[PDB]
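S.K.: Spelled out, the chains give:
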Amino acid sequence: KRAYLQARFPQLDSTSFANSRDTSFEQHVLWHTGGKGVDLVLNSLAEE
Amino acid sequence: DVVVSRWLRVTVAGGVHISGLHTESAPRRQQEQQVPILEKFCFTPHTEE
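Taken in sequence, the protein lines are chains B and A. Numbering follows PDB author numbering, in which position 9 of the first sequence is assigned residue number 1712; successive positions increment by one, without gaps. Numbering follows PDB author numbering, in which position 44 of the second sequence is assigned residue number 1120; successive positions increment by one, without gaps.
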């Protein structure tokens, strides 16, 4: 899926992807945003 | 060895891993605080009127 998305949208970089099956994406987002965080969060997951 | 990452709000050392610690200011007001003795070192003539 990562490869397919990269093909569809060239703008996306290797640093704009995370893992959706665990809470590891939080650390990735915080790190690459310098700890400020994001503005809009179109959430579709559940529970934790 | 301990490492603190303010960006990720995580503190890790040994086999412990603290995340999302939130600290709130205490009043920091203590009773019976020390009361210093204040004096002035002044010249004083032996005889005065």
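Just to be clear, a hint being listed does not mean it is correct.
Quick list of the computed label-pair ranges, beta carbon to beta carbon [said to hold, decoys possible]:
{"hint": "1", "chain 1": "B", "residue 1": "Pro1713", "chain 2": "A", "residue 2": "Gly1090", "range": "26 to 36 Å"}
{"hint": "2", "chain 1": "B", "residue 1": "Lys1739", "chain 2": "A", "residue 2": "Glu1115", "range": "49 to 59 Å"}
{"hint": "3", "chain 1": "B", "residue 1": "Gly1738", "chain 2": "A", "residue 2": "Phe1117", "range": "52 to 62 Å"}
{"hint": "4", "chain 1": "A", "residue 1": "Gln1106", "chain 2": "B", "residue 2": "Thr1718", "range": "34 to 44 Å"}
{"hint": "5", "chain 1": "B", "residue 1": "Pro1713", "chain 2": "A", "residue 2": "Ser1095", "range": "29 to 39 Å"}
{"hint": "6", "chain 1": "B", "residue 1": "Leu1748", "chain 2": "A", "residue 2": "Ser1095", "range": "11 to 21 Å"}
{"hint": "7", "chain 1": "A", "residue 1": "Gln1110", "chain 2": "B", "residue 2": "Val1741", "range": "28 to 38 Å"}
{"hint": "8", "chain 1": "A", "residue 1": "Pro1112", "chain 2": "B", "residue 2": "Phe1728", "range": "49 to 59 Å"}
{"hint": "9", "chain 1": "B", "residue 1": "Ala1710", "chain 2": "A", "residue 2": "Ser1101", "range": "16 to 26 Å"}
Below are the SDA-like pairs computed for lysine to any residue, each with C-alpha atoms no more than 20 Å apart in a straight line [as the list claims (entries may be wrong)]:
{"hint": "10", "chain 1": "B", "residue 1": "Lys1739", "chain 2": "A", "residue 2": "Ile1113"}
{"hint": "11", "chain 1": "B", "residue 1": "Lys1739", "chain 2": "A", "residue 2": "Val1092"}
{"hint": "12", "chain 1": "B", "residue 1": "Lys1739", "chain 2": "A", "residue 2": "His1122"}
{"hint": "13", "chain 1": "B", "residue 1": "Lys1739", "chain 2": "B", "residue 2": "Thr1718"}
{"hint": "14", "chain 1": "B", "residue 1": "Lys1739", "chain 2": "A", "residue 2": "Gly1096"}
{"hint": "15", "chain 1": "B", "residue 1": "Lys1739", "chain 2": "A", "residue 2": "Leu1097"}
{"hint": "16", "chain 1": "B", "residue 1": "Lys1739", "chain 2": "A", "residue 2": "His1098"}
{"hint": "17", "chain 1": "B", "residue 1": "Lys1739", "chain 2": "A", "residue 2": "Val1086"}
{"hint": "18", "chain 1": "B", "residue 1": "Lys1739", "chain 2": "A", "residue 2": "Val1078"}
{"hint": "19", "chain 1": "B", "residue 1": "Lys1739", "chain 2": "A", "residue 2": "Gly1090"}
{"hint": "20", "chain 1": "B", "residue 1": "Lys1739", "chain 2": "A", "residue 2": "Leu1114"}
{"hint": "21", "chain 1": "B", "residue 1": "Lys1739", "chain 2": "A", "residue 2": "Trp1083"}
{"hint": "22", "chain 1": "B", "residue 1": "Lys1739", "chain 2": "A", "residue 2": "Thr1123"}
Calculated directly from the structure, the hints in this document are not laboratory data. Even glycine gets a Cβ: it sits at the ideal position worked out from N, Cα and C.
S.K.: So does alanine 1710 of chain B sit 16 to 26 Å from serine 1101 of chain A, Cβ to Cβ?
M.R.: violated, 52 Å
S.K.: Tell me if the straight-line CA distance from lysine 1739 of chain B to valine 1078 of chain A falls inside 20 Å.
M.R.: violated, 24 Å
S.K.: Take a quick look at whether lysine 1739 of chain B and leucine 1097 of chain A sit within 20 Å of each other, Cα to Cα.
M.R.: Satisfied, since the Cα-Cα distance of roughly 17 Å is no more than 20 Å.
S.K.: Against the range 49 to 59 Å, how does the distance between the Cβ atoms of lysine 1739 of chain B and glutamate 1115 of chain A compare: consistent or not?
M.R.: Since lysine 1739 of chain B and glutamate 1115 of chain A have Cβ atoms about 54 Å apart, the given range 49 to 59 Å holds.
S.K.: In this structure, is the beta-carbon distance linking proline 1713 of chain B and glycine 1090 of chain A contained in 26 to 36 Å?
M.R.: violated, 44 Å
S.K.: Under the criterion that the straight-line Cα-Cα distance not exceed 20 Å, is the pair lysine 1739 of chain B, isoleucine 1113 of chain A satisfied?
M.R.: violated, 50 Å
S.K.: Need the status of pair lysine 1739 of chain B, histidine 1122 of chain A: alpha-carbon distance at most 20 Å?
M.R.: violated, 72 Å
S.K.: For the pair supplied as a hint, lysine 1739 of chain B and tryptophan 1083 of chain A, is the alpha-carbon distance within the 20 Å limit?
M.R.: holds, 8 Å
S.K.: Could you tell me whether the CB distance from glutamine 1106 of chain A to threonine 1718 of chain B stays inside 34 to 44 Å?
M.R.: This hint is violated: roughly 50 Å between Cβ atoms.
S.K.: With the threshold set at 20 Å, check whether the alpha-carbon distance from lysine 1739 of chain B to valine 1086 of chain A stays at or below it.
M.R.: Given pair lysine 1739 of chain B, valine 1086 of chain A holds - Cα atoms ~15 Å apart, limit 20 Å.
S.K.: Please verify whether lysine 1739 of chain B and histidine 1098 of chain A have alpha carbons no more than 20 Å apart.
M.R.: holds, 17 Å
S.K.: For the hint 28 to 38 Å, verify it against the beta carbon of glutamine 1110 of chain A and that of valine 1741 of chain B.
M.R.: violated, 50 Å
In this structure, the hints that do not hold are numbers 1, 4, 7, 9, 10, 11, 12, 18, 19, 20, 22, in rising order.
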